[PDB]
Amino acid sequence: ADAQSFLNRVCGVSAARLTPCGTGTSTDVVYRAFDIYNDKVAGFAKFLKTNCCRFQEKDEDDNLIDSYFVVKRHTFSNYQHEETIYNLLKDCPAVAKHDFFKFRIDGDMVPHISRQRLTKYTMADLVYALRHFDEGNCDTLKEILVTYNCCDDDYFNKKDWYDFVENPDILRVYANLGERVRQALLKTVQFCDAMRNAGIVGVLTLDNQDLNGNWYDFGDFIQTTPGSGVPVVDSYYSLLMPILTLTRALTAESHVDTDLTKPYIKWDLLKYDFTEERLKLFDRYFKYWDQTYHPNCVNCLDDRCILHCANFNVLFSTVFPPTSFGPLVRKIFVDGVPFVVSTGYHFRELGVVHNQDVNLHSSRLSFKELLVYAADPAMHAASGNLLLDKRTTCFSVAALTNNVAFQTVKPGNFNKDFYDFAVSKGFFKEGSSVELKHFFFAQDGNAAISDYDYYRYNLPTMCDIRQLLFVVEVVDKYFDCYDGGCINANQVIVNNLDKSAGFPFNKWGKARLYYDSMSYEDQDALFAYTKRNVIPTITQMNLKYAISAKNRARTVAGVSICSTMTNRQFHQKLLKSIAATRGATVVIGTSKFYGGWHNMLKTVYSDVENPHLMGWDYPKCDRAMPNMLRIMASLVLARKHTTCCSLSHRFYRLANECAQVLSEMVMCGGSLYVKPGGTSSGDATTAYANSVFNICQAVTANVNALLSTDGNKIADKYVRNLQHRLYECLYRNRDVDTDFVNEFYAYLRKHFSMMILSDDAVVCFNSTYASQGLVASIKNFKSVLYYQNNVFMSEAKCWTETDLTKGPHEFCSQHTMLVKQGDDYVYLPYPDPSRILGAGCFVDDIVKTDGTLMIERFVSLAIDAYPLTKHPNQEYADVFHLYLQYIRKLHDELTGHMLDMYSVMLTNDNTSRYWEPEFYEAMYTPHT
Amino acid sequence: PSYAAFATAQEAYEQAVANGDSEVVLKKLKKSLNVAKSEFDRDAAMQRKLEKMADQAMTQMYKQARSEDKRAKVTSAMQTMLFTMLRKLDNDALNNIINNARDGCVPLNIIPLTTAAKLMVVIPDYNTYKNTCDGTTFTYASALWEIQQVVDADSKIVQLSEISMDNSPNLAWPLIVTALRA
Amino acid sequence: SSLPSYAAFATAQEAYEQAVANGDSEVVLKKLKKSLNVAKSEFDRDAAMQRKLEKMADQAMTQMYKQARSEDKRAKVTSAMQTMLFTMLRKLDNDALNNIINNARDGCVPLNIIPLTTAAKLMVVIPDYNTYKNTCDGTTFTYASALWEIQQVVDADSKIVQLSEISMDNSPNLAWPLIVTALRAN
Amino acid sequence: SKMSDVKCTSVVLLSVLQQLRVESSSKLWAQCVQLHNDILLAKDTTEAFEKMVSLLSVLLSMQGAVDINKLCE
RNA sequence: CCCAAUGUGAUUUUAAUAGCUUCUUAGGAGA
RNA sequence: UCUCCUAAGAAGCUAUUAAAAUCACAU
Ligand SMILES: O=c1ccn([C@@H]2O[C@H](COP(=O)(O)OP(=O)(O)OP(=O)(O)O)[C@@H](O)[C@H]2O)c(=O)[nH]1
Ligand SMILES: [Mg+2]
Ligand SMILES: [Mg+2]
Ligand SMILES: [Zn+2]
Ligand SMILES: [Zn+2]
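Protein chains in written order, with the UniProt record's numbering: chain A, 4394 to 5321; chain B, 3952 to 4133; chain C, 3949 to 4134; chain D, 3860 to 3932.
The set of hints was computed from the structure by calculation and includes no laboratory data.
Hints should not be assumed to be uniformly reliable.
[As the list claims (entries may be wrong)] In silico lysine-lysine, BS3-like type, Cα no more than 25 Å apart, as pairs:
no. : chain 1 : residue 1 : chain 2 : residue 2
1   : A       : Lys4439   : A       : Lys5106
2   : B       : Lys3982   : C       : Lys3981
3   : D       : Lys3861   : D       : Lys3910
4   : A       : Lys4783   : D       : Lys3886
5   : C       : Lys4024   : A       : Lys4809
6   : A       : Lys4822   : D       : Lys3910
7   : C       : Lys4003   : C       : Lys4014
Can you build the whole structure from these sequences, using the hints too?
Written out as structure tokens, the structure reads:
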């Protein structure tokens, strides 16, 4: 009855057609995301709201719209407080309406504050739903994508609609949010100007802005000098940052007068320096960010300043034309003839860089200068034909020859004598648990360019910087165990010199030729030049010929010798220290033999309470990896150079690594293409940079798991204080807190124990904490790889194990078994039987098909097959005995052919030990 | 000289062994013989040591001589490449983009777009042909181009009359189109 | 054993053992032990030369075998692969593979890749009426253990031939080999 | 074991086509590669024996490339 | 023609050092 | 005269390590 008089008062003096969203005089209840920091709780988490009565508008013909009136019951003082603040901030067009009124309930007067024509959801609900994505709980994201016309409600019936790789059209559906978010950004700058000119102080948070962009809830602000108004924004912009690239928000900056209905800006084609445009973009959206921005990173103060300033450059470099980036070239005279050569670079992340040792006139060239000119793509690209290659979406520069090259892949050779032998022993019968699954797959001439096009999956990715600048200090604690620094050419170790030197030297010789042609002072002079100048280089793409279970091709990057020779002299002292250490998190350099597998597992199990095992593998690790995370990996490895390199030397080396193995002119099929980002697998640090990236995503998942947990539900006061201190160090302190970084590293290392080797990891973790949200679980990795790696991680690629007596399901493609060996039990590795039988049946050369030439090839495969003898499945245990029976046959035939050929017996009768188990058992027992 | 002492002492001892004149004097001749043999073993061992060091000296010199020949061969090969590429740059078309620049410096990626006399277009299907290369002249990179030749993936020449929706299943895609700036 | 020095070593150790067993005086045993030590040392020096020279031969046989047999495996590769394939195709014993291989021996070879989908087009060469008599019946053709519908038939001069003209008596008037074009029946 | 005999025969058959220089015809090699790679991934023998009839028909269509009347005796 | 970075294991060959054994030479000690 | 110890040279064996070539596996 009486509720009608309340409904008529909530309309006010306005024309409105309201309907009640619940019971007529009591409050409504909703679950929403909030950025909160208080004496009792801190985090970015989802909480119940109960202090509001909701009404919704109908239109002029009886249908509902996204326009709500949200009334709230307040105390008396705060009601007046918010009123005072609003009146001063009332004429801002960025502020929502605030109706302060009173009304009788339960027989007495209560004040109310009505906010008019708000959306259903806030900016915090859009930010939370894209960070914390779960494919089984998408109902808030689905309602935002439909309420604002991003897609029809029928779009969600598609197979894998959310997956960036299987449904790449989702990148067009998320980009329809771009103008909505960019209007909210503008309205924040109008509101900050109003707070400053009105003399108001306060923190502004994503939960207090609607999805049109309007601000409300002024009850926590205070008054000051009218010219001393100051808005706090560190958590607002940092939580929002990864959504700005995902929704392509600044895409309206490419158009005339920045209107999506007008044509594109026709930029001057010769223009390479955009420094004043980058500064104009920063004041347009980030005016109150309160930290110095350097458009060109040669001006930065330290690693942390380089990460700060490069994160804004990945946003702004999406406005400028693709032809503006890459080498900057100048005309120079050598013995009177004019060369064209590189005298700088323009980076999407690092800005413009100019070389310090440029000479405009030269009389003669040394061997060191001929190498730099030869490596420089300038002369190769400036003298080649123009290329329009429609087989790919990657940017094509020039064709170096009048013909295109097409490279095919041929099938593997069939070793019929081993297959006929196996079939005689009862192998390959129908319904058997062991069968052929590994083969050599043939490919057509489009093979190469088809594998190179997977670099499409590398999208520009802005990070949360407040989060990344804490994670980078915890990731570094995993590398305090090792020494590092520069070395002379006298001390560099090379594994094999009979390998390709790259382009364009693969036409004159192999790495050995250059290493023999250059004295140690030509090599040290070439290294010292890179600390003051950028050398850009060409990279080949080479197809791979090897056995596989899946039919896709594989390509590897043939990195040039100017790059390979000098990167090896900067990093090798550290990379040799990582491989010499035992018992650490990174397990590069540790053998599986003589007990080493049992030692690695007893180390990851550590002293974890209620422990559980889990693991994962990155999909397209090299393709997807963001440039911000490949830059951070090189900065973490370079921290060892504090004693021998200045701030300026450590920059050019970074710039070099960016110019040579991140952004590159790749040569493929005799033609040049611009690589968009990510790893190149012939890079001297490949396995070691993958391992730093893999720790970073696993540290990030634990920051997100703890800050998204409700702090009122945590029972242990130690973990409430850990969550509270973590929010301050992340989003309110601006310098590193060494005492907390050590405490979070110690917490993490007890409750969440890792073993890591490139893009492969095993974790042993406290399940009681993981089920309460106090440490990461597989849902916290699915979420992080979605907003920070642009990949959907399928549950078909993950695992978890409850019983530690079974060990990890798979690490390095090897299964584990607990077996008795002597007086005690040990963990042993075992391969997939089809990988070992497939390698015997199919080979990559014709001479490998005669077993009498190749007896030692079967001895090596029997060393990997030995642990199968201890398996409960007899069809697996028989695979080792097949190899031992074959090794005997090959020696009987070799002896027969040798006697028929020479009429004299062989004197080396020692072959008899290779067909007995004692030679192989000794490979898996300790004490060598 | 130690070998001569050993050989002459052997003859002096061997005559006394033949007649067994006296064990005492045999020892005297024998001690002088085995002392000479000890000096001979020292000299012969050193001769064998020096003979092995001579091969180590010559083989190190051949590794130095082969390393200087290979330096001298690749130095003139790198110069032959650089001074060859230099005789292709459009020295008039190129001077006009470099002279227009603010500071005489330009992106590399605009040099082929603005100065190259020739274009290669690689086309994967007939829908892409019809949209990009239809007819005999076409526009790309804000310039006009004329088609001089088309070839298929097998490098066989294709006439422009053969590229149609009906005949497209018979051609070896991709086609490569060569055009000149006009 | 049987090296030149072995007789001196063997007779010296026999004499040394005989003297200690007989209880002879220690100065005689010292002379026997010393003459044994030098004969043994010369035998060991001869045996060290033998074992080094035998390794020199055993490496030469082994590497010469690998060289001469790697040449043999790489030379006859085209004749080995073709012989291997036609040995494996017999073991499969599939009716379609047997039917097309038996037809290809007589020259009844296809001009297309044989298609798998219904109503797709096949073209096959027919060498003589004695082939036609076995593969064809009315409008139907039987090949790769499937039925096909004859669409048209063509002479060596590219002239069309009607299905009523193909008969034993009229066969000398056609320009063989004939071509039959057909479509896969359901 | 035909499942495995068929997969092994497919590897030998494409090796014979590759040695007869079929790679010198991009339009034909791209079909042999697809038939070969499908037979290896197959799980039903009826699919694999139908794709084996298509792949073997390439070799039989090349008149005079192999002396089939001599290889069958 | 093209054929990357890095780790681990097996096999063969060569080089350096340690121990053992025999002869020769030299010096001292005991008898 | 005889024995032992010490010092040197030669012969031989064994052990360890290093280096070179080769094969196999892992990302
Ligand atoms: O031969 C190799 C293999 C791998 N790698 C390096 O190891 C990384 C992981 O190698 P993986 O074997 O995990 O493959 P992948 O992630 O590239 O592909 P998926 O099967 O997961 O789709 C690659 O991204 C590359 O950087 C090499 O450098 N060389
Ligand atoms: Mg992976
Ligand atoms: Mg794994
Ligand atoms: Zn900066
Ligand atoms: Zn340094």
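A quick look at each hint next to the structure:
no.: 1; hint: A:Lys4439 x A:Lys5106; in the structure: holds, 12 Å
no.: 2; hint: B:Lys3982 x C:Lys3981; in the structure: holds, 21 Å
no.: 3; hint: D:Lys3861 x D:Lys3910; in the structure: holds, 14 Å
no.: 4; hint: A:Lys4783 x D:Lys3886; in the structure: holds, 19 Å
no.: 5; hint: C:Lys4024 x A:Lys4809; in the structure: holds, 16 Å
no.: 6; hint: A:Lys4822 x D:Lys3910; in the structure: holds, 22 Å
no.: 7; hint: C:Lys4003 x C:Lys4014; in the structure: holds, 17 Å
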